[PDB]
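Form deposited without the named molecule, single chain, as structure tokens, below.
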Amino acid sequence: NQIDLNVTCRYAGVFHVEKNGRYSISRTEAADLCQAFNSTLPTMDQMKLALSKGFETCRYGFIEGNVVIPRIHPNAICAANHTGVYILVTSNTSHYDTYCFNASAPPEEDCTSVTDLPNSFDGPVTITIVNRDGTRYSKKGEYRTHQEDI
């Protein structure tokens, strides 16, 4: 009963969260997960500021209202060479990664490790935050509030 949450640097308080290293988060689980990080889904404006601070990924993830990939550098295999906040227009499917926004974060690039999920609740799941440098923080708990997600 174990969940890995892969997280990134924060950029103006925005970071990327990838569940179990695969597209596997629904829109409702996304909201709950950001809540567990005392965070919210970013707005498009918040994402655009993050991007300007140096944030890019090669993964689809939820923000408030859309599924996007922030791109700085054009790369053929990431959002088809687009730069800027690329918006997913057409897809059959509903599960992606998520982005989260933490207002308490530093204003620009913060590439320190994440070492807590301060707002997770009581539960049976071993939840592991995995940083990009491999550093890990684990705790027993739960964050999903929708039965359909469990």
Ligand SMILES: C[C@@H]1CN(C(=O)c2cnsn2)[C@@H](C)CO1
Second form
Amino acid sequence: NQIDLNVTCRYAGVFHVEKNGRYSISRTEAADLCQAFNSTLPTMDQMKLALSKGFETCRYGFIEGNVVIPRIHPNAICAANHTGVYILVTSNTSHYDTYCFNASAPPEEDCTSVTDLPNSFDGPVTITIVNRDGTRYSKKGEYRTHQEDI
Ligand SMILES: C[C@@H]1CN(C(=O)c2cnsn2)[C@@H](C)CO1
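Given the form deposited without the named molecule above, I would also like to look at the protein as it appears in the form solved in complex with the named molecule.
What follows is the whole complex; the chain from before opens it.
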């Protein structure tokens, strides 16, 4: 009973979280997941400031109100070559990655590793935070509050 959470650097508190190496997070699960990181879904303004500090990914993820990809460099296979905060307009499906915002993080680029999931609750799952440099932090618990997400 294991969940891997791959996380990035933070940029003005905003970071990306991919669960189990595939698009697998619902909107309800995303809010609960950021809450376990003492974080919230970023606002569009918070995401635009993170972008300005150096944040980009090549993966769709929830923010408050939309599903987006922050892009700095145009790449044909990432958000159809767009730059800026690219907003997903048309999709049949409901599961993506998520972004999270931690107000207590540093103001600009923070590429240190994430070493804790401070607000997860008691439960049976081995939850492993996997950093881009491969460093891992694991704990037994749960973060999903909606049964349909389990
Ligand atoms: C990234 C922020 C802070 N954080 C960390 O584990 C951390 C430790 N050192 S740097 N980042 C988690 C609470 C998620 O929200």
